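Heads up, the chain below is alone and in the form solved without the partner chain; it's given as structure tokens.
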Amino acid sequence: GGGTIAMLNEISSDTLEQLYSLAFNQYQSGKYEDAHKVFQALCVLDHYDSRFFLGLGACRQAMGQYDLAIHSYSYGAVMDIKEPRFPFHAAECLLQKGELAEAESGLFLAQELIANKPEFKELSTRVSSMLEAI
């Protein structure tokens, strides 16, 4: 039995969570480059945790690296097909690129993935507004 690199190497998910807290805080402080390097490491250690690909993609987007962010969100979307944040942040990147039709498609996808789920109240609103602007 082996699924992730961290599991194979007996790195506990508690070590990963401490590294995620560090990366998350670096991101919130505006240290996008430093956070991106911890998120690279976390993505290699556990390539099934959506938060690590959301974070890598958020650092890239913050640095204006829209295509690289979309790559992280494209992997996340195939790895976790019900997670609306992937198509949602991809659409944010596509808007910065001026690709309104593509952005709209992803926003409709995010909407279908959040329907009737109580956890996504705030995001539901964010998505409505954005489509309307478009």
Second form
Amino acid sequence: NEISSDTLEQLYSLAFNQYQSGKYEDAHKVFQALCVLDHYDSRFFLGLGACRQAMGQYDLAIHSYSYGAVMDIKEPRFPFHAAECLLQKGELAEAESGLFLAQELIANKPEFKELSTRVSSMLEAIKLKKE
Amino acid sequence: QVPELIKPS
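Structure of the form solved in complex with the partner chain (previous: the form solved without the partner chain):
What follows is the whole complex; the chain from before opens it.
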């Protein structure tokens, strides 16, 4: 029945607002349904994964980020947030690839300035462990 | 510090 409008934007705004109020459980329910309505929009998977990350659900988060990565191969926020989750699980080699990928996708784009510094900080911590 | 989402509309 996807002759559904851009009431999709109304739903995204609501889920976005719930997330900023720390209502992660409610936000995740909306984001989940949005992923059902339009499985090609990457904001919905970033949102869904973010809620799972916020609630400590690392494997579920990585799963949503993986999907987002498939539909938006240029978006560095997916491997970067997955790398965070993989770090929390103590999976350092996998986290490293995540960070290196993010770094490739960010390149020297000005909008990801602070995000670059976090990436480098994490790569430096994993690097020293292998000594 | 939770992940930062894309802004709406």
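Numbering follows the first chain given and starts at 1. Whichever C-alpha set is largest while still superposing within 1.5 Å between the two forms counts as the rigid core.
Quote the shift of the Cα of residue 121 between these two forms to one decimal place in Å, the two forms being superposed on the rigid core.
Rounded to one decimal, the shift is 2.4 Å.
Cα shift of residue 107 between these two forms after core superposition, in Å?
Rounded to one decimal, the shift is 0.5 Å.
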